[PDB]
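Student: Residues per chain are reported as follows:
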Amino acid sequence: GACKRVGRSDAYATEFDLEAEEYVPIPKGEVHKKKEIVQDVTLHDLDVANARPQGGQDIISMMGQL
Amino acid sequence: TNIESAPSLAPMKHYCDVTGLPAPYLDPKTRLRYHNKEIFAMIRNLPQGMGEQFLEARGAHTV
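Protein chains in written order, with full-length UniProt numbering: chain A, 199 to 264; chain B, 155 to 217.
Think of the hints as simulated: they come from the structure by calculation, not from any bench.
Where a beta carbon is used, it is the ideal one built from N, C-alpha and C, also for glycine.
Certain hints may be false.
[As the list claims (entries may be wrong)] Simulated DEER-style distance windows between Cβ atoms:
| # | chain 1 | residue 1 | chain 2 | residue 2 | range |
| --- | --- | --- | --- | --- | --- |
| 1 | A | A200 | B | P161 | 36 to 44 Å |
| 2 | B | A211 | A | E213 | 23 to 31 Å |
| 3 | B | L175 | A | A247 | 21 to 29 Å |
| 4 | B | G213 | A | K231 | 42 to 50 Å |
| 5 | A | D215 | B | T155 | 20 to 28 Å |
| 6 | A | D215 | B | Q202 | 22 to 30 Å |
| 7 | B | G213 | A | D215 | 46 to 54 Å |
| 8 | A | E228 | B | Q207 | 26 to 34 Å |
| 9 | B | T155 | A | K226 | 35 to 43 Å |
| 10 | B | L200 | A | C201 | 33 to 41 Å |
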């Protein structure tokens, strides 16, 4: 369920003459890829993930201090 | 029945009216599209009738 905006397709690069936008080529391989990744974690990683909200779950962490 | 022609909605690419290379720039004065400063120098130096010919080669006209 992870997803990322890679950019705007450069087929639209002349939709305007200037826009605050990043234009990227269309992907030139297969639209679908399957690859198998042997993921490693540790029991401490499971501790940390379960002890507190991590990463983007806790934005107020940006305040520091408490 | 001569109702077989078709328009297009995609945004068109920009090419230099002189060299046909890609054109980042549209000259506000003569409205020719141009590749670089070397071609801008030529375009502003053109004989007064020539600018309308570069437009007309792509069916454009200034008026």
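Student: Hints the structure violates: just list their numbers, smallest first.
Tutor: Hint check: 3, 5, 7, 8, 10 fail, others pass.
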